[PDB]
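Shown next as structure tokens: one chain only, the form solved without this ligand.
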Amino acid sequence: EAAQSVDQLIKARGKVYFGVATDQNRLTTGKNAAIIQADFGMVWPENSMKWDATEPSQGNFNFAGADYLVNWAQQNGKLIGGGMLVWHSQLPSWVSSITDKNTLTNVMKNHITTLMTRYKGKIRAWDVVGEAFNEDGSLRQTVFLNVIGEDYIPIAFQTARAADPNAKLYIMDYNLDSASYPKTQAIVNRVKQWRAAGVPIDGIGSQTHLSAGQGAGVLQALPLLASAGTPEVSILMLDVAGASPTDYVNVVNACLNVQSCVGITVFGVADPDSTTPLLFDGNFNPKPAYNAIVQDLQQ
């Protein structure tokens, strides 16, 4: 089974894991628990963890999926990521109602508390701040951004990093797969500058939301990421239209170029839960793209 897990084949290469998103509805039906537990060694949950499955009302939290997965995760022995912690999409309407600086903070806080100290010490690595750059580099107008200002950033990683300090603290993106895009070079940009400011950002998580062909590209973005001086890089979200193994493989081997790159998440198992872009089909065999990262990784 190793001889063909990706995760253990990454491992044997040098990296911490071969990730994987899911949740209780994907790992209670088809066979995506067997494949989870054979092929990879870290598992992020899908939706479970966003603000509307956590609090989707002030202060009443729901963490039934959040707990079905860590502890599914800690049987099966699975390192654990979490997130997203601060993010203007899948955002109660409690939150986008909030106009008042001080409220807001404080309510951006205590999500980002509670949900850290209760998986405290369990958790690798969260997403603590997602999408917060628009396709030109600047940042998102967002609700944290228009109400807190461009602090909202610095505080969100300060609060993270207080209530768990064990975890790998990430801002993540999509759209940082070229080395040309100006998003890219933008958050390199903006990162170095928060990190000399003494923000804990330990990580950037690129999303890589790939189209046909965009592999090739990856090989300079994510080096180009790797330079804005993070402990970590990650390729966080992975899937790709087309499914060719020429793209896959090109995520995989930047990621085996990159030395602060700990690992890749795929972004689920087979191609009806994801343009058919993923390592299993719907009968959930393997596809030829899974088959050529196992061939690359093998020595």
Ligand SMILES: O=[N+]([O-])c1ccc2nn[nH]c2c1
Given for the second form:
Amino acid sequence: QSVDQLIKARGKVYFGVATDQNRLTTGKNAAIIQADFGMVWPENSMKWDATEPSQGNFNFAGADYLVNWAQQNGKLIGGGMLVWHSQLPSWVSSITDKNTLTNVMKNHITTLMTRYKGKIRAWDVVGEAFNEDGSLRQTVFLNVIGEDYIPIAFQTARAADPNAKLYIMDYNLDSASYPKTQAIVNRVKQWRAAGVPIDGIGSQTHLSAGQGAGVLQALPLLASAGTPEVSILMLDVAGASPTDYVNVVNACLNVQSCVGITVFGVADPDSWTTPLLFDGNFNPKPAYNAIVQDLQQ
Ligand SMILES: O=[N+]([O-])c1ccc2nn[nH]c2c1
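Now that we've seen the form solved without this ligand, could you pull up the form solved in complex with this ligand?
Everything in the complex follows now, all chains and molecules, and the chain you saw is the first one.
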């Protein structure tokens, strides 16, 4: 059975998966994605290192491949990460001038979003902008542009493609008692009150064993920021316990603004702790069956 079809029948938009050309050309990834997932996200092909490895010299081959594959197979598409401190070319981090970096960041956002205009359901505009204590991570963007880099990124993205849902995403938003979760909520509330177009908070849900339970409280907390949408993304779970996976699914089911869930790959050997839903033989694991059973009605 298809977790995407079943979650849609529960009123959600999609059950998605991260992938890219190297997965879709090998093994059973394409067949599993065709059958079981309604949205694809690029594991790497839309990050800054892949798409703009030297300034103004864009490489769209991998991103084009994924977008084309998705359209041919009837899948929704997400993109990202537009602004991130990891996988960032040295030519970017070497910039110390505010105007220069602002213009570079805007051009990077606008170029990618314009190329795929109208084809992308949601973009991860800014990723991993928070320290664990809830302060803002001191990246080149923060240090050179200042705190306005987040407003600027979102305003630029909205102008480039107003069809897309614009997300901020972060990890360790899995417990309501951890400072980072309330901190991003507070800053997103404030940004939106200032007119910044943040449509979504995406929770990069990389769990250890037993951490699914806390998501039942953390995801409603994220939704209290008042964004149009929240989502689970890059989901994986060390040990792949059905209990942890079912808890995350139920958290999304319980939150009206949660639009869907994306799992961080297909088969365990291709994971970034056997933490995915398909084994090395590309067979569904107990956690996959448990999600199916939970979503059936
Ligand atoms: O939901 N995802 O797994 C996922 C993977 C790669 C991404 N890049 N930007 N957003 C992403 C989400």
